[PDB]
Structures are given as C-alpha cells and as structure tokens.
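Chain C is already provided as a structure; the job is to place chain A on it using the hints.
Below, each chain spelled out in residue letters.
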Amino acid sequence: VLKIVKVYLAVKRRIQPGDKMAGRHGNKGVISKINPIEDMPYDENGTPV
Amino acid sequence: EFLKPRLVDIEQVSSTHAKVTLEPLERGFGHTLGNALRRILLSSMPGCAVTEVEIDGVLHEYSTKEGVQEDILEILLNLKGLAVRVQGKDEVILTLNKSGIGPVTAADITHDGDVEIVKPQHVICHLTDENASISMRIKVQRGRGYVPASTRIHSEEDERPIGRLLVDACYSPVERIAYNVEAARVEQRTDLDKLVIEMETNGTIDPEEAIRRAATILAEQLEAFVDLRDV
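Protein chains in written order, with the authors' numbering: chain C, 1046 to 1094; chain A, 7 to 237.
So here's chain C without its partners, still in its complex pose:
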C-alpha cells in the first residue's frame, strides 16, 4: 500500500417517523407521527404537551 486517504462525513440526523425512542423504565416505541403544535393537547395555561 502506497498511501491512504480517510474522509470523515458529519451528518445531522433529525428525528422522524419510524425512529425508536425509549424511556429509562423499559418503555419503547416507534415515532409514529409528528403533530403540528396546534393539534397537540394543551393545558388551561396553553402549554402543549
């Protein structure tokens, strides 16, 4: 081997439907849908979950 050239790519992967999310307690899941802020449930104060 004369020489070698290594190239590092960096990629920002955003969460999307189908990715796997979990808690610390053994609960798992596949991200099923991304909802708009307005559709999400909200408390009296107006903060959405």
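Mixed in with the good hints there might be a few duds.
Partial list, computed: chain A residues near chain C (C-beta under 8 Å) [to be verified]:
no.	residue
1	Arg44
2	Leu48
3	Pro52
4	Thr116
5	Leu234
6	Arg235
These aren't lab readings, by the way, just hints derived from the structure by calculation.
No residue lacks a Cβ here, since even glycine has one placed at the ideal position from N, Cα and C.
Below, chain A alone, put in the same frame as chain C:
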C-alpha cells in the same frame, strides 16, 4: 339577528406576553373563535428569522474559532433563537463585528434602519481573548411556519460557497396561545360571553396585527366556502 365581537382592551404585561379581549361574543361562539384563532396563530403567523450565516474563519458548522467557547454549531443554535423584526424587505443581511473579551450579544449587530433587534441582551457568543475577533454576516428572511435546511436543499440555488452555514428556519413569532371564555356581563343582557386570548410571542408581531391577520386568514378560507360550484 345576531351580535358580533369588537376588539377591546389589549393588555400588555410584558414586551413578549400580551392579553387581548373580545367582549360581545354570542353564546357558543366563544370557544369556536377561541380555538379557530389559536390554531391560526400557532400555525400560520408570518415572521422573520435567520436562514444562513457566514463567519470568516470557519469552513463548516463543526469547526471552532480561537477565543470563543461555544462551538460554531452552538452559535447557530443561539442564532435560531434570535428574535428580529423586519419591516420593508424580505431578505436582509445583518453584520456582526465584535472584538475583545466579552459576551457578544445581539445588540452588537450593526444597526440598520429597517431591522429591529427585539431583545438586545440576547447572547450569541462569548469571546475569551483580547485579540480574538468574531465577524459574521447573517441573512434573515421572512416566511411562515417552519422550514428546515434539508428541505430547502432541493432548491440549493448555488450553495457553492463553503463558508455558508445553513440554519433551520422557525418562521413563527407566536410561542404560546391560551383562551378563556368567561361571562361578559353586558349592562342590558343576561348571558353573553367574552373571549380572553393570552399569547406569548418572541416580541416581533404586535398583538393587534396578529389577531387581525389570523381573523383575515380564517375569513379568506370562509370566502372560499361561501361559493359552492356543484357543477
């Protein structure tokens, strides 16, 4: 034979937080209008936000400057939060030039006429060296909604300069919306309701204009409804 709501006192508790009241609401329309406006506001309010940044000594989001402690990527993340009001143009080029030790806040941006920096205390970076100097040129666009870099990549349009740093665009000034329909004792009536909309924004869109534009959008869609072809 109906009543109709007139925009009444608009209390401003803080620069960002505002309460808007609508007094003469018919029974049942309190919640209808509350929810319709909440939806329109949270989804469709047009605002301006930074789309891309060029800093001098940095090739890509992942490099680092001498004399700063944030990574360039964190600088972009801080810029995403930058609350700005553009008046006339759709795309403005702001210039930030700071030297010496200190926190580079949003106030240090070169003061242009048409652009208003709502929160001048908003931090961007921290220098840590006497001779360390940061310069950048931030391109700010007007838009509605939320547009990420990866989607606009289809429309690259000569992104050739490697110095370009794309930022995710949150083209939306409204952070939070709540409403309460409460008994509106009108001096000659028994059962009338008042809608109180409490809204928290980044301090660019004014409440009156927000509510007016939201009602405008809903009314335009209703116009679409009035005619029905059936052809």
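Now for the hints, and whether the structure bears them out:
no.: 1; hint: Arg44; verdict: 7 Å, holds
no.: 2; hint: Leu48; verdict: 4 Å, holds
no.: 3; hint: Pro52; verdict: 16 Å, violated
no.: 4; hint: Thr116; verdict: 29 Å, violated
no.: 5; hint: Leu234; verdict: 27 Å, violated
no.: 6; hint: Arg235; verdict: 29 Å, violated
Checked against the numbered hints above, the structure violates hints 3, 4, 5, 6; every other hint is satisfied.
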